[PDB]
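**Student:** So you can see what is in the structure, the chains are spelled out below.
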Amino acid sequence: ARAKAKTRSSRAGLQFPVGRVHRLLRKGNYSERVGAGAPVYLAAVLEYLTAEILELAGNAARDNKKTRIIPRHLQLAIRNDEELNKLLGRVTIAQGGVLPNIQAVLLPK
Amino acid sequence: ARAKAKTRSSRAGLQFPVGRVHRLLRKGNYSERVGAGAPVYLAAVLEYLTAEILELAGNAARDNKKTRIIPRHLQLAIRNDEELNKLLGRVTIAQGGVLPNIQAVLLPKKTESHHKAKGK
Amino acid sequence: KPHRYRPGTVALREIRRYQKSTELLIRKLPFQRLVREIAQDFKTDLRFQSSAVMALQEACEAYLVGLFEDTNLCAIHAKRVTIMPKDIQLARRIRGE
Amino acid sequence: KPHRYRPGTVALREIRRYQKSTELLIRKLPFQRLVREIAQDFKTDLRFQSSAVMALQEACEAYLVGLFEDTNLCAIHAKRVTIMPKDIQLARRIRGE
Amino acid sequence: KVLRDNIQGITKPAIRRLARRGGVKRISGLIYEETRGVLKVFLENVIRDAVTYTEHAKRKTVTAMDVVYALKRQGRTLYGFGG
Amino acid sequence: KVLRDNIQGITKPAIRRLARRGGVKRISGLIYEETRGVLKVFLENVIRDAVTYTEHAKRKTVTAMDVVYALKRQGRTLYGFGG
Amino acid sequence: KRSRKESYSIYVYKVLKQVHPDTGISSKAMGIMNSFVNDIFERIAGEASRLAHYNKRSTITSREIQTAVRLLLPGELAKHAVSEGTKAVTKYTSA
Amino acid sequence: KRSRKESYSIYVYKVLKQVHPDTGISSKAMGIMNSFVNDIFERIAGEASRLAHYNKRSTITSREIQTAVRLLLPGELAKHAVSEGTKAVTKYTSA
Amino acid sequence: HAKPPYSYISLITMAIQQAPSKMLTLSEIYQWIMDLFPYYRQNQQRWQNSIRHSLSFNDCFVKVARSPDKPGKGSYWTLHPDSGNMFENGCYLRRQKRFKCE
DNA sequence: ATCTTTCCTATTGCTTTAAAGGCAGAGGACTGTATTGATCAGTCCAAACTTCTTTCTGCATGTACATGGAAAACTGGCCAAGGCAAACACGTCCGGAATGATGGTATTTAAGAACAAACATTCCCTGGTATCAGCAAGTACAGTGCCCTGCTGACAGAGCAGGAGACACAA
DNA sequence: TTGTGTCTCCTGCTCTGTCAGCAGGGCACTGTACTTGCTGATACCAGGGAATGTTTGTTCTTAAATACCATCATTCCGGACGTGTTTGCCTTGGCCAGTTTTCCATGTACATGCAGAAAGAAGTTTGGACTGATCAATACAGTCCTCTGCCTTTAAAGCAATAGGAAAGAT
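Residue numbers (my numbering), protein chains in the order written: chain A, 1 to 109; chain B, 1001 to 1120; chain C, 2001 to 2097; chain D, 3001 to 3097; chain E, 4001 to 4083; chain F, 5001 to 5083; chain G, 6001 to 6095; chain H, 7001 to 7095; chain I, 8001 to 8102.
Derived by calculation from the structure, the hints in this document are not laboratory data.
Backbone N, C-alpha and C fix where the C-beta goes; we use that ideal spot for every residue, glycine too.
Some hints could be false.
As a list, the in silico DSSO-like pairs of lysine-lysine whose alpha-carbon atoms are at most 30 Å apart [what the hints assert, rightly or not]:
no. : chain 1 : residue 1 : chain 2 : residue 2
1   : G       : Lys6005   : D       : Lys3028
2   : D       : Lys3086   : B       : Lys1120
3   : D       : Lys3001   : F       : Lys5058
4   : F       : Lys5072   : D       : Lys3043
Restraint-style ranges between C-beta atoms, simulated for each label pair [unchecked claim]:
no. : chain 1 : residue 1 : chain 2 : residue 2 : range
5   : B       : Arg1062   : D       : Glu3023   : 19 to 25 Å
6   : I       : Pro8068   : B       : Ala1104   : 25 to 31 Å
7   : H       : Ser7003   : D       : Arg3093   : 44 to 50 Å
8   : G       : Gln6018   : F       : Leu5030   : 51 to 57 Å
9   : C       : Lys2043   : B       : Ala1104   : 38 to 44 Å
10  : G       : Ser6026   : D       : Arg3027   : 37 to 43 Å
11  : F       : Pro5013   : D       : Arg3093   : 24 to 30 Å
12  : C       : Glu2097   : I       : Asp8059   : 55 to 61 Å
13  : G       : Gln6018   : H       : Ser7003   : 47 to 53 Å
14  : I       : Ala8065   : B       : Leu1107   : 55 to 61 Å
15  : D       : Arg3093   : B       : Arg1090   : 18 to 24 Å
Required output: the full structure, derived from the provided sequences and hints.
**Tutor:** Given below as structure tokens:
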């Protein structure tokens, strides 16, 4: 008889959905065919980037004495990290504001 | 018997290849299906844009007393026109150039008093 | 005598206030009216989603904030501290607009 | 006494020259050596088509010409006609580089 | 019904606040008209594409995703409303 | 076989010419080092993508199409090399 | 036997002869024109694909091409090109 | 009920519970994260499609995704992502 | 020839008034003076510099430009309307109550 | 350096609203097998690259002279910041309606799949003209010495009005 | 013969002639670089013939789009009160712009050697064609369970009031 089903996320050890990623890759008209390992690889990379951003955002929220991440903390994490800021340079975050920054010459004597 | 073949470019009255455009649409995985009129419309649009740029480049070449369109003429036609310049703003053209343009501040001062050069 | 901060102190206080906050700085209703006024020139009787208006305001405010950052840099470049229309023009020209 | 053109005349003449010509302005072989050198740190023992190096040189020249145009605008903005590293840094910073 | 002159609704205090968020200390008097012009141009360029996307769907409501696509088409991607 | 100091091959008069095509009239003495640094960063950014494309193709020759795709990947679209 | 290298060169030349009977076009200029045609084709096709995906349409019809032409092209180009495309499709359907 | 609308809310929340066990996340921040995941997914998938088309391949394998990641992500982020992806593929291949 | 019994101010006034256009440039005034007085034909620099000084100093003379580029060069000189008949009635050498604007 | 005023931050209490937790179900992920088309492994060759040599300048480097642009200093006035008071228009909510986007079913119409013919497109061989190289007239504009025309300030010297001596008028 | 008014000579303020000197503004000669004209040459582009793969015609079919209705949800419109925000005014201070000065760091031009570019050849590498092999994805059917919608619970954050410290401004 058919064995116990196990999601490919469980096989890859990931948390993100491998099946959903594969279906989106097929329905997106990226290419005629999609390899078996491509969705696993893509899901792993997406999980890694999400974990990076969430770790920095959680650090920012802890700094602000807040236990919940808000768009302000996401903005702080993204802009304080050089690599993420270079990745999301063109992105605008709703309710993000800007980093505190005053030019030196504008300060009083 | 099968009728005599006529190219879809001939039917539409275009010069660009409707069949080739249809093939490129199907091969590029732009969509699962391609409508019959989409190749015709796209070929007509591409022919119109080509005609625009080539007419402007021919004008530029006539200005330069040359009969052959060269990359410099394409550059001049593209940048002297506001709309083509906006369409091709982020596009580089190999062996082109730049529009002759010197900021007016840099042009020499026509001093009313003009004597031999001395310290300022 | 009444207390009076010297010029530039309240400016810096206001900068510190607004760079620390997240709220929208344009009044919502007049921006909505402007959006509808511009929209009607493309198609009459247009409906709108409220979230569409909020997204438009978010994009506009972010664009203007970045533009003012570049304008301030252009102003400080010329050794001034006051932004002038030529500063915005330079920022737009270099930015590619 | 021997002739000597006043400063600024030769610069404008050379501007009128190099805005009218289409030739490449960097020397070919040294740019090729630079391209090969930079390629070593990414993968060793590569080979380059002639057209590949030509494309790289064309793109680099276009980029630098644009950069210097924006630098010139920045210098003219500060009431100066001499470009400085300040100007290039500002031009790159506004463009987001 | 029709709307005439709402560009003046972007008041002087609003432009001052936007400049403050950008780190501006001193603001000239002519900045306000220039800012209104720039904002109007940007809004027109975004709403044109938003209305185009709305027309192509044969809808009469400019939804949030229409604005998001119009922005992302112009290299000004926006997170938060795109879903 | 190994190359070490080719950045100086971007000669001073070469930078002067590249600036003159930009309309620049007067040039500081410190411009050349800044130009060399900027050009080196730009070349590294482009060539990394070109070499990545070549590696994925499992080739060992860098072709013009690889350079063109690398440029177009950075918003620097180039015409005239089979793009 | 080597592979064939398809291009638009003959069609660009025919259009050139149409608009300017006397002028010519160099090989490098023709290459730039081919690259331009490919770039515009890719832009319009990608925008049409995105338009179809947004509306969950499975087919790129002439309407998608028209909307993409309106989005991409500025000002009078987006009007003249639309007129040309509509005229060409009308003539095609007439036969 | 309206038609089901799918998102990465639960998965990003699971990753959050991994890195920071004792924190939460707001719905607006959640939507921003969903938009980020979709944006990165689309960028990587599009670059993979272009890679496949350049090489005249009809399939997107893990190799295409790896090259897309190396093209898109900068610096140490790229190599850490590549290591994570290789680890996941290797674990999955062992079934 | 003996020096004319007329001051430079009187000579300038007569030269301005006699002109059909009621104005003359420095070259025209010099030509008129030399033609009407052979004495001023020689020793040009002295009285030419004197005429320049008088024109620059006295307020009764105001300069006017040449509109359609004329033969060109130089600038015309015109009597101030408030000058009046200052040198009339035999006071050529010395003008009583020299004209002033205020 | 010390005092006054204003602002900001931090703490405690209330509330409200937004996120975490639980359940239902359905749609889409998972398993298994046959098919097949895509990819992979090995060989070959020609064409494309890399490497070395020599030529032949034309370019970059170096040096020296000096001009004029950048930066520093100073001044002032006018533009913009700070504060106050009155008006107003935004914010928030509440309801009425009418507009339109979604869902469902019949249908109809337009595109994919398959196969064969043929015909258009690409590649290879030949004239002729549009371009490039070099020299040379002619033109355009800069460099600059010179000239004329203005104006400040002072000095030098005649011109006419006011005051005192000598003369003449009045008595 | 004595007392007083007017004329003439002298003096004094006004006015003009003269000089020196420094500044602006414009004219014509000298000189160098760019454009144009001519010829020769050469290379490169258009026109004619052979190969191939791709387009078009025809038929079947099937699924994507169209048309009509229904429905509910969501966006426009208006009304109302409350109060924060905006606008106009006044006061003044300090920052921008203009002027002046200094000198140094940039520009111009000439001298020099060298390495970049061109041509050629040889060596060598490998990109792509070709064939056969294999293996991994797709198609289809069955099934079962993960993810999203709805609802409920509670704690994280917002709001209000208060208190204390930091810092600006003035004496």
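**Student:** If a hint holds in the structure, say so; if it doesn't, say that too.
**Tutor:** Now the hints, each set against the structure:
1. G:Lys6005 - D:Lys3028: Since the Cα atoms of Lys6005 (chain G) and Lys3028 (chain D) sit roughly 29 Å apart, the hinted pair holds (cutoff 30 Å).
2. D:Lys3086 - B:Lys1120: holds (25 Å)
3. D:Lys3001 - F:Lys5058: violated (67 Å)
4. F:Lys5072 - D:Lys3043: Holds, at roughly 22 Å.
5. B:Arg1062 - D:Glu3023: 19 to 25 Å: holds (23 Å)
6. I:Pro8068 - B:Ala1104: 25 to 31 Å: Given range 25 to 31 Å: holds, Cβ gap about 28 Å.
7. H:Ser7003 - D:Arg3093: 44 to 50 Å: Given about 46 Å between the Cβ atoms, the range holds.
8. G:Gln6018 - F:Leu5030: 51 to 57 Å: holds (54 Å)
9. C:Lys2043 - B:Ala1104: 38 to 44 Å: About 43 Å separates the Cβ atoms of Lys2043 (chain C) and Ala1104 (chain B), which means 38 to 44 Å holds.
10. G:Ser6026 - D:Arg3027: 37 to 43 Å: violated (25 Å)
11. F:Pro5013 - D:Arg3093: 24 to 30 Å: holds (28 Å)
12. C:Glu2097 - I:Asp8059: 55 to 61 Å: Taking Cβ atoms as reference, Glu2097 (chain C) and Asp8059 (chain I) lie about 58 Å apart, which means the hint holds.
13. G:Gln6018 - H:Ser7003: 47 to 53 Å: holds (51 Å)
14. I:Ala8065 - B:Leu1107: 55 to 61 Å: Taking Cβ atoms as reference, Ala8065 (chain I) and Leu1107 (chain B) lie about 26 Å apart, which means the hint is violated.
15. D:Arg3093 - B:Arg1090: 18 to 24 Å: At 19 Å between Cβs, range holds.
In terms of the numbered hints stated before, the structure departs from hints 3, 10 and 14, listed from lowest to highest.
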